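Engineer: The lines below spell out each chain.
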Amino acid sequence: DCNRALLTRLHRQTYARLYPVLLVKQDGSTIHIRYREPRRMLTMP
Amino acid sequence: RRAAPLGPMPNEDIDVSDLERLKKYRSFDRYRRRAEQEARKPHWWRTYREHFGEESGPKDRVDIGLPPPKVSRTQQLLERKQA
Amino acid sequence: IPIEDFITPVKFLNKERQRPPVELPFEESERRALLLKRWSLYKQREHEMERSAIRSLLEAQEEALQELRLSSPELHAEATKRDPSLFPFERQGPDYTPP
Amino acid sequence: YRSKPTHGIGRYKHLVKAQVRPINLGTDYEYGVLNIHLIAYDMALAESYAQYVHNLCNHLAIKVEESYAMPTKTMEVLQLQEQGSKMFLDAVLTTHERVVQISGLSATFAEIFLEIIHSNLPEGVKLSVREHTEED
Amino acid sequence: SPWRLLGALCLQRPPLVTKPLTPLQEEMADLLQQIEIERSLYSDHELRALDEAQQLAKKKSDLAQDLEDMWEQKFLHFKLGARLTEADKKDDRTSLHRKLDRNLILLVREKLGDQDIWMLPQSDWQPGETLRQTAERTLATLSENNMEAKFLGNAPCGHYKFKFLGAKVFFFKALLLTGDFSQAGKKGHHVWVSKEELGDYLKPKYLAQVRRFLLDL
Amino acid sequence: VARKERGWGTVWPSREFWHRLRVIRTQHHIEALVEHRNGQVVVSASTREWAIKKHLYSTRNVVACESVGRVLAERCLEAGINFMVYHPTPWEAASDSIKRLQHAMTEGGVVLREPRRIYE
RNA sequence: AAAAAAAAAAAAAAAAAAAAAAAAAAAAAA
Numbered sequence: 035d036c037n038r039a040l041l042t043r044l045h046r047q048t049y050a051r052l053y054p055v056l057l058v059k060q061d062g063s064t065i066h067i068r069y070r071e072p073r074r075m076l077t078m079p
Numbered sequence: 027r028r029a030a031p032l033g034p035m036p037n038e039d040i041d042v043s044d045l046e047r048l049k050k051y052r053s054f055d056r057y058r059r060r061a062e063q064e065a066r067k068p069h070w071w072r073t074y075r076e077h078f079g080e081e082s083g084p085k086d087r088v089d090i091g092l093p094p095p096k097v098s099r100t101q102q103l104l105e106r107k108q109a
Numbered sequence: 083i084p085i086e087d088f089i090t091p092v093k094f095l096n097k098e099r100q101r102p103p104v105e106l107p108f109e110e111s112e113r114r115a116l117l118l119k120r121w122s123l124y125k126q127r128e129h130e131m132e133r134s135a136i137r138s139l140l141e142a143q144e145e146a147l148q149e150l151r152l153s154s155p156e157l158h159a160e161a162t163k164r165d166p167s168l169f170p171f172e173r174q175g176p177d178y179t180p181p
Numbered sequence: 048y049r050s051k052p053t054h055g056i057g058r059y060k061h062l063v064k065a066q077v078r079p080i081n082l083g084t085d086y087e088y089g090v091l092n093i094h095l096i097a098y099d100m101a102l103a104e105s106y107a108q109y110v111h112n113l114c115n116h117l118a119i120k121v122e123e124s125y126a127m128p129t130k131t132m133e134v135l136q137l138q139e140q141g142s143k144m145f146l147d148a149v150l151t152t153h154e155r156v157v158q159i160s161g162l163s164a165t166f167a168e169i170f171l172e173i174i175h176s177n178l179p180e181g182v183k184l185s186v187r188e189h190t191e192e193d
Numbered sequence: 043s044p045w046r047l048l049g050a051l052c053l054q055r056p057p058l059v060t061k062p063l064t065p066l067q068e069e070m071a072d073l074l075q076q077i078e079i080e081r082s083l084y085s086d087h088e089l090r091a092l093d094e095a096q097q098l099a100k101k102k103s104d116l117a118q119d120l121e122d123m124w125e126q127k128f129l130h131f132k133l134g135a136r137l138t139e140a141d142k143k144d145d146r147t148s149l150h151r152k153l154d155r156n157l158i159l160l161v162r163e164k165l166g167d168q169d170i171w172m173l174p175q176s177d178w179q180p181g182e183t184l185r186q187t188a189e190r191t192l193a194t195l196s197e198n199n200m201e202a203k204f205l206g207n208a209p210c211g212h213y214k215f216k217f227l228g229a230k231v232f233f234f235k236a237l238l239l240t241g242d243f244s245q246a247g248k249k250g251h252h253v254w255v256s257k258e259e260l261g262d263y264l265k266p267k268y269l270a271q272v273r274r275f276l277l278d279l
Numbered sequence: 061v062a063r064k065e066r067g068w069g070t071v072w073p074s075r076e077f078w079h080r081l082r083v084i085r086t087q088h089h090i091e092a093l094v095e096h097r098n099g100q101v102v103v104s105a106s107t108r109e110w111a112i113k114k115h116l117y118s119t120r121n122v123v124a125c126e127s128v129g130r131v132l133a134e135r136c137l138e139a140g141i142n143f144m145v146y147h148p149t150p151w152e153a154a155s156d157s158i159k160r161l162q163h164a165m166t167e168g169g170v171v172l173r174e175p176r177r178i179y180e
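Sequences listed follow chains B4, Bb, Bd, Bk, Bj and BS, in order.
Be aware that the first sequence starts at 35, since it is given in the deposited numbering, and climbs by one per residue.
Be aware that the second sequence starts at 27, since it is given in the deposited numbering, and climbs by one per residue.
Be aware that the third sequence starts at 83, since it is given in the deposited numbering, and climbs by one per residue.
Letter by letter, the fourth sequence follows residues 48 to 66, 77 to 193 of the deposited numbering.
Letter by letter, the fifth sequence follows residues 43 to 104, 116 to 217, 227 to 279 of the deposited numbering.
Be aware that the sixth sequence starts at 61, since it is given in the deposited numbering, and climbs by one per residue.
Just so you know, the hints here were simulated from the structure itself, not pulled from any lab data.
Cβ atoms here follow ideal geometry from the backbone N, Cα and C, with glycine treated the same way.
Please note: incorrect hints may appear among the correct ones.
To be verified - Facing chain Bk, a subset of chain Bj residues (Cβ under 10 Å, in silico):
#, residue
1, 60
2, 66
3, 205
Unchecked claim - Within a straight-line C-alpha distance of at most 20 Å, the following computed SDA-like cross-link-like pairs (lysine to any residue) qualify:
#, chain 1, residue 1, chain 2, residue 2
4, Bj, 127, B4, 68
5, Bk, 183, Bd, 168
6, Bj, 203, Bd, 98
7, Bk, 60, Bb, 104
8, Bj, 127, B4, 67
9, Bj, 132, Bd, 170
10, Bd, 125, Bk, 183
All chains should be built: construct the whole structure from the sequences, respecting the hints.
Structural biologist: Shown next, in the form of structure tokens:
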């Protein structure tokens, strides 16, 4: 059921280019942030 | 001087207690439909139908016919379904 | 003292010139449409199975609680009340890579 | 017309009324005024799960009152550069928050609800159950 | 009509890391990828990419690549935790670290004097006690672990009676936050098991119906 | 020369007509009718009728509204009536199914907008 | 005592809601 609401686009009428980003907070965990910078990955300390 | 309603009074059936929990027609349309439904029943009060000559209202039909063509139910239902 | 983020920023005004073209053959159109219809069927079965799932769950609740009252009245006095432990309920969603 | 059998035919306004406490009785126990905070980094994600919640409540007969978006929180993250010793570098993020408010509950519907809630939770999504008093 | 009072508990482990997608969900995923980047207005990266790609030619006749390659190498250089900590062992049903994708549940092995019992953990609650109290107490005491588990309600999940005497087994749901399991090698057999295994390992018809109020996911 | 029913005008739709186009759109089937103010439906085209039901696909479609339209059109000239009035709803009048309904009737040779009365 | 009349009238998929896929087994399983 984790994939229930996971499938979407941003519904605002006028908006920037949104690119898939892998984000590491401090866990060892990773998230997918849709963010305007094409960069493959970012990580927080 | 108040009188007594004769048979049903139209909206009486729904509960005024707790209106929030009752479902609504949010649509002009649904309303229209349910409306005309209520326009087609025999009300106990003077109505349009009554005065405006529905032309005899209910008629017991003297029917001189060709008796109805006899075919089978489930057969045709299946055939249709397949088609 | 309300401020929403809904408004369209001034940054996005005149850069509008970047994405004019879009064109599809009957093929991309057809593909995406089939995909859509199929997706509708799928999601519907999904909502349906979800609903019957939580429903059957709630029937386990029915049988349970009715059994508890039919057994012990003290037990439907105890457990029919909502406890203080639910107040700050917080849960974090799953992630992509384990820690 | 008062004297007729038909008086009150047209009468309606009792039908549409166009014109807070949790009730805890310990048996039929109504715990109302509940606040679901949905907090995440992704707008599409947030809006999606919010949508799913709101709709879910619509189907479960549990009545939703207010669904609204709380102010976004803008983070500036400073990362240590190794070359310059105490030198800082920067990257920007934003946290978005949605809220769905339910006016009524019972024990069994909470037990039931929380299950579907955290079961259907998305990746990168954080959830909160609270009480109505908060300050904007 | 004497009643025998037995508390019981359904112990739910949170699914940790997300599942990969149905082929249809994937096709839909790529589809929404396309359509979203379709209605996309410019990009700062794409502005500085395309404007400089066009401008360098007119400083030729009369950057973005840097960043692209920097990020390629910085992501490739990086490494991640594995998605499977179960199947590389592939063995342990008893590891609490086993299944990352699904929700997990505790079982126990007991052979009692007159009986052979496969036990979804059960409690004995005294008539004065509240089902709550005995649920928690027996939980923390039975497994010899330090367990942070946030329960949902004061109300129970599901109830199954065995009448010899007559008796009740009351199942509750405990949502596990963080467990600490002491003496990881203790003899008492605790089986941490998914939905599919909750189908298999369960003999009783009392426990056969706990997978009925379970979350299948 | 006959009498129309002038009136109402508190309510909706205007019940002034000899003949009216009544289109009832169900989630399943399109049913377009021709009405008399006696409430009696004169000539009707329904999707639940095996005749159209079996010839084409997907009852709810725009294709189907057009269909039922032409059907009712030929059935109209068969009845011989060239005139019925249509009162769409503002949000309905804008929708496509009804646009091309109206074209099916136009090209059928049927006129909407009943001719005016004589010495009204 | 067999889809959530003899085929019909909730549900799902283009700021959050709201408003252009289907149907007891061979009259005589509560």
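Engineer: Broken hints, numbered, in rising order?
Structural biologist: The structure conflicts with hints 2, 6, 7, 9 and 10, although it agrees with all the remaining ones.
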